[PDB]
Amino acid sequence: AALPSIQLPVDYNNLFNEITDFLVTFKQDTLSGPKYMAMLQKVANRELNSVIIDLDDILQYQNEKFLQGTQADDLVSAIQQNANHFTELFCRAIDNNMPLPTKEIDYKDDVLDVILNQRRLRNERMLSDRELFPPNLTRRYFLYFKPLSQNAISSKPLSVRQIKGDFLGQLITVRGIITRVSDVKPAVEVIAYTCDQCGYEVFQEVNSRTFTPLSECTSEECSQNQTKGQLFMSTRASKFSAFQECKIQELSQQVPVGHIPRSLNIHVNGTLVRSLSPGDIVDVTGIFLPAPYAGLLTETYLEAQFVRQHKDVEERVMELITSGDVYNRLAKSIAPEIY
Amino acid sequence: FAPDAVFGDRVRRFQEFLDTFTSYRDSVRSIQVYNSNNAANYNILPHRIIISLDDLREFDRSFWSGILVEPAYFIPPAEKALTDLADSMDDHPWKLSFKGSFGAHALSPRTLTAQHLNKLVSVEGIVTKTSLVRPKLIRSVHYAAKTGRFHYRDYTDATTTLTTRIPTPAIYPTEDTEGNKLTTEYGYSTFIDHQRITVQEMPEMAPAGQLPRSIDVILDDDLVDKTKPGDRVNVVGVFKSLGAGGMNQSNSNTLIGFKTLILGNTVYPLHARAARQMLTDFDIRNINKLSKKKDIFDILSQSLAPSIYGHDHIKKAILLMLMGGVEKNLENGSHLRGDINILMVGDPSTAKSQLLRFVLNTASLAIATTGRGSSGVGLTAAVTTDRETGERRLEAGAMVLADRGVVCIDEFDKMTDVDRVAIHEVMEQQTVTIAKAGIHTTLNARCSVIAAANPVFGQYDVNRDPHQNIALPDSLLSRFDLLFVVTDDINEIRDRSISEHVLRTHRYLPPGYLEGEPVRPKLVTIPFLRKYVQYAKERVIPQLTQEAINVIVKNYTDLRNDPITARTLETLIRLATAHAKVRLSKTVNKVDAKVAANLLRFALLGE
DNA sequence: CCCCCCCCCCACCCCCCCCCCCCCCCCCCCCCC
DNA sequence: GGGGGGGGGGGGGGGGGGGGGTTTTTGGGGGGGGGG
Ligand SMILES: Nc1ncnc2c1ncn2[C@@H]1O[C@H](COP(=O)(O)OP(=O)(O)NP(=O)(O)O)[C@@H](O)[C@H]1O
Ligand SMILES: [Mg+2]
Ligand SMILES: [Zn+2]
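Taken in order, these protein sequences are the chains called A and B. Sequence positions in the first sequence follow my numbering and run 20 to 358. Sequence positions in the second sequence follow my numbering and run 2 to 608.
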């Protein structure tokens with residue numbers, strides 16, 4: 020099945036270079052290392068599991084570069100347009116740039132370090148004539164795009180019915196009330212398989228609602244010996260990610276006259292999980308995306324990225340104690356407008 | 002004959018048409034500059050033109066009849082020519098819409114017939130069972146990670162196109178021809194919004210003893226959500242068939258037919274006997290001129306239901322209920338309702354049902370109900386499975402469909418109490434709450450209920466108290482703004498008056514009919530009255546004022562210190578505010594409070 | 001205490017699978033050294 | 001007398017084809033409760 024192809028006003032090699040230059044350059048100097056390299060150092064020390072990319076920072080970086088006279092290709096507009104791809108680009112930039120830890124963490128107890136170290140030893144023996152992994156397996160952090168502050172589409176608080184189909188793929192912010200929330204469940208990122216007949220594990224990255232389990236050992240340790248060894252899934256070596264499904268519903272003021280309040284599924288992953296409770300009135304930024312099940316009609320959901328909620332004592336109580344007439348005034352303060 | 006050979010000539014003829022009737026060029030440019038301004042100024046007009054089909058006839062009858070009788074071959078060149086016109090304007094495919102004089106192609110879901118398939122038709126009806134809105138995939142774009150090129154794929158189904166192009170299986174690519182792994186690019190990929198609605202035949206038109214027919218309409222992009230259920234509508238579109246109709250041999254059934262649809266091109270809401278009436282400056286000036294007549298409230302209320310004798314205070318209350326007072330929103334989102342809720346309880350044959358039917362014909366948005374015929378679920382909202390997708394979805398009931406309108410309830414005391422238990426939240430909170438089927442929501446039901454009832458006995462018994470005469474609980478009666486008690490009390494003078502009026506009413510003959518042929522002191526007309534109500538609802542929000550407050554507190558304390566309760570006060574405020582709307586006045590004044598107190602005094606005392 | 005009411009419960013693409021065909025490998029037999 | 005080569009059988013792999021994939025209303029009976 021062949022495909023036609025077209026030219027577009029974007030170049031991901033160029034934008035990858037723009038992203039990594041930003042990542043090693045920017046800092047909030049008006050507040051007086053680079054902000055993101057400091058945050059990545061905190062990730063290296065495993066003290067922080069979330070990288071929050073600010074579109075405000077990309078705007079200020081663009082403004083600085085434009086003040087220095089170079090074009091900057093408006094990366095903010097690009098990554099508001101097609102945010103899903105740019106999560107992958109930012110993670111590649113981080114997985115290249117991220118520094119070593121400054122603080123020690125008792126590393127030997129980490130299974131993924133042990134298993135990939137054993138792989139590296141075996142591959143050194145192979146390479147001595149006697150990528151190393153899928154990148155998601157080694158990527159401990161989670162990456163999120165924080166919207167533009169009002170000072171543009173990620174900034175605007177749409178109602179759910181204002182999310183027309185034209186906004187698919189875009190980073191948008193939606194205003195509503197959470198009507199129900201799922202219990203947290205483990206989604207797979209990378210499935211890990213032990214091989215019984217050679218020991219050399221293999222991995223499957225999963226990008227979809229469903230996957231097919233591997234059986235025959237694809238590794239050359241088996242395949243070059245044409246040994247049809249058996250793969251068995253292991254939870255311990257697999258990378259799971261915390262997954263949770265929520266549903267947001269448009270508020271009573273957003274519903275037009277005589278319409279039903281429309282609603283939208285929210286998918287929240289990683290550290291951002293269980294930031295949403297039912298009954299919360301909230302602005303949620305996320306990538307609005309489709310999912311195939313109908314035929315050409317689509318299921319659609321919001322991949323959550325950022326959450327904005329709408330809504331000392333043992334000595335401060337002495338303010339009222341010393342203020343006095345406490346019983347009378349506190350009694351009058353029950354429903355104070357009621358005679 | 003093959004369509005492509007004539008496409009160019011059809012394009013240039015529609016281009017000559019658009020050049021000739023330059024109002025369409027002006028419309029295209031007006032849309033473009035509006036959208037450019039609103040894009041830069043930091044809400045968007047659609048890329049759609051309504052052409053008067055009469056203009057296209059007067060230009061070229063052959064092309065006009067081509068649009069009507071063969072739209073699959075004549076709308077694509079017309080839309081191409083229109084898109085080229087929009088391209089010729091300074092700095093996306095443009096779509097067409099049609100109006101006027103369809104002739105035999107003006108139909109209903111009954112008389113729409115298999116002979117009409119693939120023709121352009123106009124259907125009048127009432128909307129029901131609107132689907133959820135869903136994005137429909139029409140193009141997907143894919144970055145080939147190693148190759149660097151952006152591959153793409155177009156998609157087709159029988160709804161996306163006027164002609165039966167080969168289907169495309171809705172599969173996303175995953176590999177280049179060389180086997181290189183693709184990644185799908187949302188945001189460059191293209192999706193149209195898609196919605197499926199059922200237009201039902203108007204029950205007034207359906208012949209003797211047959212139930213209304215219905216047909217399904219498809220709406221795309223900006224036509225989506227232009228209607229809700231219960232809207233009376235005219236839809237224009239291409240009537241089509243789709244699917245295999247059982248010809249695919251897995252289906253053994255010989256007799257089933259083909260599925261059929263209208264692919265919609267425009268959607269007009271209706272209340273012709275338009276849902277929102279247009280007002281000329283002549284209408285504005287006449288409406289203001291009448292508002293300065295010193296007794297305008299009497300003129301308008303006498304102009305309500307001119308075929309009903311008497312009942313003057315009820316028609317006054319009805320007028321103020323059509324023009325309810327301003328709704329208040331307060332701290333912590335606390336809420337005070339602005340509807341006026343009326344209950345007519347009384348003897349038989351006292352025009353209670355006829356007054357409900359007049360209100361049903363006069364308000365901008367009214368929903369009829371009857372006590373036995375209404376379920377409590379059928380009143381609030383009902384869970385159903387949307388067969389378009391398979392999900393549980395709410396269907397709006399009468400109270401929700403009447404939001405920012407009115408509800409008429411005849412035979413109200415005949416309701417079962419599990420129905421009336423569902424009335425309470427609408428009256429008390431202007432809302433209904435659902436907590437079933439895993440659906441936990443609250444819906445707006447902001448509307449004036451007007452209801453008709455009889456006492457527990459067949460006629461009102463003046464020997465006994467109102468709570469003993471009237472079936473309803475006090476916990477429901479207290480929620481109505483005005484409780485009217487009417488009686489058919491016998492009196493020769495009143496009987497003579499009402500009788501000669503009713504005989505004049507029954508001696509009517511509509512224009513043009515022969516004598517005895519079957520059908521197929523200043524007062525305003527009902528179209529004028531409907532326009533006046535729309536004007537006053539839209540354009541004036543009366544502000545409360547101390548000179549009115551003085552009258553209100555004086556009257557409230559006097560009424561209470563001789564059934565009266567705290568709720569009576571904001572009822573008086575609502576009645577005064579609505580009478581200020583009758584005066585078209587930015588303020589409520591002492592006159593409004595005096596009339597409000599006089600009318601509520603009539604309702605309470607039988608004054 | 002009896003009767004009537006009213007309340008409750010209930011009915012088209014992709015994967016798995018199976019069949020067919022072709023080639024290769026392994027054993028046995030015969031000849032040659 | 002043993003080893004190589006040739007020839008035949010048997011097994012395995014690959015390819016191709018095919019088939020499968022719940023609330024809401026209405027009516028009835030029975031049980032429980034209230035009013036004269
Ligand atoms: N004041 C009146 N003027 C003219 N016709 C009247 C008047 N009062 C009653 N009628 C007629 O009485 C008939 C019955 O009216 P209707 O509105 O059904 O009465 P109702 O109050 O609803 N009675 P019911 O439904 O039994 O409680 C209609 O045909 C009216 O035209
Ligand atoms: Mg009646
Ligand atoms: Zn193996």
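Since the hints were derived computationally from the structure, they do not count as laboratory data. Just so you know, even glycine gets a beta-carbon here, dropped at the ideal spot from N, CA and C. Be careful, since some hints might not be right.
[Stated by the list, open to error] What follows is a list of derived Cβ distance ranges for each label pair: (1) A/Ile300 / B/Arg465: 44 to 52 angstroms; (2) B/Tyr43 / A/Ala313: 30 to 38 angstroms; (3) A/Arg149 / B/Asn181: 49 to 57 angstroms; (4) A/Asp344 / B/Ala383: 53 to 61 angstroms; (5) A/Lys351 / B/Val378: 42 to 50 angstroms; (6) B/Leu524 / A/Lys351: 51 to 59 angstroms; (7) B/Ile440 / A/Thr229: 54 to 62 angstroms; (8) B/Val419 / A/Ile300: 29 to 37 angstroms.
Exercise for the section: Given the hint of 30 to 38 angstroms, check if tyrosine 43 of chain B and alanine 313 of chain A actually sit that far apart at their C-beta atoms. Expected result: holds, 36 angstroms
Exercise for the section: Could you see if the CB distance from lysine 351 of chain A to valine 378 of chain B stays within 42 to 50 angstroms? Expected result: Given range 42 to 50 angstroms: holds, Cβ gap about 45 angstroms.
Exercise for the section: Starting from the range 53 to 61 angstroms, see whether the pair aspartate 344 of chain A and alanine 383 of chain B falls in it by beta-carbon distance. Expected result: holds, 55 angstroms
Practice task
Mind checking the hinted window 44 to 52 angstroms against the Cβ distance between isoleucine 300 of chain A and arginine 465 of chain B?
Solution key: holds, 51 angstroms
Handout entry: Satisfaction of the hinted span 29 to 37 angstroms by the C-beta atoms belonging to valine 419 of chain B and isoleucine 300 of chain A
Key = The hinted range 29 to 37 angstroms holds for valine 419 of chain B and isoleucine 300 of chain A, with Cβ atoms some 32 angstroms apart.
Exercise for the section: Using the beta carbons of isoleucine 440 of chain B and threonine 229 of chain A, state whether their distance is inside 54 to 62 angstroms or not. Expected result: Taking Cβ atoms as reference, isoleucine 440 of chain B and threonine 229 of chain A lie about 27 angstroms apart, which means the hint is violated.
Practice task
Mind checking the hinted window 49 to 57 angstroms against the Cβ distance between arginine 149 of chain A and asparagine 181 of chain B?
Solution key: Given a distance of about 34 angstroms, which is not inside 49 to 57 angstroms, the answer is violated.
Problem - CB-CB spacing for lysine 351 of chain A and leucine 524 of chain B relative to the 51 to 59 angstroms hint - result: With Cβ atoms ~57 angstroms apart, the hint holds.
Checked against the numbered hints given earlier, the structure breaks hints 3, 7 and satisfies all the rest.
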